[PDB]
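Given as structure tokens, the chain that follows is alone and in the form deposited in one PDB entry.
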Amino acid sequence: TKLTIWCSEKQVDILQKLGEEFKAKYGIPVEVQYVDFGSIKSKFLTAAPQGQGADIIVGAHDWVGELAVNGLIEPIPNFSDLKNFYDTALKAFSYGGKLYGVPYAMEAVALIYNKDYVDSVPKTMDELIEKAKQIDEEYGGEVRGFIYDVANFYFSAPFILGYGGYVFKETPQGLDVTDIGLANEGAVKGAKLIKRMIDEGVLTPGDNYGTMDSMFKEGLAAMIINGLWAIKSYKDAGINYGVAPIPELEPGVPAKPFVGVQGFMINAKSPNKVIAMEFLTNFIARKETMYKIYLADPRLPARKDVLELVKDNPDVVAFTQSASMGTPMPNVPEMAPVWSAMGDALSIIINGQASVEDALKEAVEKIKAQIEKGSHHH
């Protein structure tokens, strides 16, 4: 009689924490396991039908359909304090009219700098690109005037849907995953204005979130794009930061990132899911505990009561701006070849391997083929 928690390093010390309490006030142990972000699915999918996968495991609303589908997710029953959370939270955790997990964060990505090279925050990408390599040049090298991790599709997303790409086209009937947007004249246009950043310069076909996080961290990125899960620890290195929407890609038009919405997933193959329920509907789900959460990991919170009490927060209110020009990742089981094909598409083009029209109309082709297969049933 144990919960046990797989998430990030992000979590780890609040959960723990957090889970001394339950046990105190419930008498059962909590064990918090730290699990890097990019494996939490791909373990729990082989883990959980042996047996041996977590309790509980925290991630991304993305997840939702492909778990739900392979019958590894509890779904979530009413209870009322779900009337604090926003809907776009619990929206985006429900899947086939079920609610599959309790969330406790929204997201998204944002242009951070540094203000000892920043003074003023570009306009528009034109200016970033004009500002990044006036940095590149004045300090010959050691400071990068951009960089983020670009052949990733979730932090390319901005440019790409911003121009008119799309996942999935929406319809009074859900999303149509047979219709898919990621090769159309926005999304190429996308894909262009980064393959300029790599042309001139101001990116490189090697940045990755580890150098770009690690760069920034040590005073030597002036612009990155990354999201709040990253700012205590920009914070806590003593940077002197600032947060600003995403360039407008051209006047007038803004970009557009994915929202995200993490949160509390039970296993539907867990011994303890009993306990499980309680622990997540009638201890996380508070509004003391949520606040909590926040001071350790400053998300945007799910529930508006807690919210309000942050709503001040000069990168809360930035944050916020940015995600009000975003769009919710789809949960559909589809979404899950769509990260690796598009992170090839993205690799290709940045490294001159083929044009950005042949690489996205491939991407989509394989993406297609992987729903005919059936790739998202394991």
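Think of the rigid core as the biggest set of C-alphas that the two forms share within 1.5 Å after superposition. Residue numbers count along the first chain shown, from 1. First, how it differs from the form deposited in another entry.
Candidate set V338, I350, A323, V58; criterion, C-alpha shift of 2 Å or more between the two forms after rigid-core fit; matching residue, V58. With the core held fixed, the Cα of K131 is displaced between the two forms by less than 2 Å. With the core held fixed, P254 shows a CA shift below 2 Å between the two forms. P298: CA moves 2 Å or more between the two forms after rigid-core fitting.
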Given for the second form:
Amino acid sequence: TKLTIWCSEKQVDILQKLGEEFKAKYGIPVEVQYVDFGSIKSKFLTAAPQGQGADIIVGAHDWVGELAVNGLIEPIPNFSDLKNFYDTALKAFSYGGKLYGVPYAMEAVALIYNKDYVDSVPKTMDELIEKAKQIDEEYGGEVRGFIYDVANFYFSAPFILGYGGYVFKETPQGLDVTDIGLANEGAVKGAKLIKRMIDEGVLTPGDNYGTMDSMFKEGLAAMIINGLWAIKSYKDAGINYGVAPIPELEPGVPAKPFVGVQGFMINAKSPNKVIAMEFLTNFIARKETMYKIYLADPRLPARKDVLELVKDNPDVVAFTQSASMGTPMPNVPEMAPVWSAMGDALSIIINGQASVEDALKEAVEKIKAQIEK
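Now show the form deposited in another entry, given that the preceding structure was the form deposited in one PDB entry.
Partners and other molecules omitted; one chain follows.
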């Protein structure tokens, strides 16, 4: 009997050597194969129901809810080392009160700012708004104090979710996709704060990803909301940038960005799940392995004590801190219609074509209608 793993390209070498350690101690070889995320899911969905497919796979946390309900991935037994993982990363791989994977990477946006215009990170969103107005005034509109992809629900979620909005209500039986909180009082308050930034001129209805991104590269945007994926282009453009978590919406009320997480999962139909689980919890999950995984592919780490090891990367520290206060993108298939419905609602709001209340309630109605079909 041998163990089979489907992993990413930059994980093969690390997992092959680790498997050699596992073979020496237990006498079970480990076969490691690179498979891309898209093909992992399509292969797993038809191999796993028969007991085939890899014993261990990597994948996105978004898959967990459906793989868990269909009994294809195995609940991770609690082990002590779990205390060293970010709560957001563990929640992202949890469903119905059970952990279903061991995460290794996170991704979330943060505040990125040009230090030629911002001397200290604003402590609150009210301070950010005042600073943005002052910057707009000082440079006569040539420099935008604050700009981001405002009508995109992924980028505006820190405000809508931070004030109390939620996508699906969490219950002990799993996410209740019949209970959608995108129009409750918190969501309305978050959307009203976005609308206030529009009304005061700090944001405009024409703000989108492209205009934000190009303006920051050219040195004409003081503060933006973006992720680690854009940092290289800003460095190459010669921007003296800094990264920090999005300022508190109010004192004591943090911004709550969406977080994407990648992790390892166990084939629940495999005859080798016990040996596969041992290797996952005792070998893959260890701090030393996760640090090597980070070095070979620097993504925001899922372990707190791995971040402590880094080192020379202040950007990763800021983005990881942003992810820690964030919330996972809901890991169920019913999340799919939410993006476009909320993006339409945001556009309607910022263009003054409906009240915040009416636009959000319409968005929830359309989400439910599409979930039903």
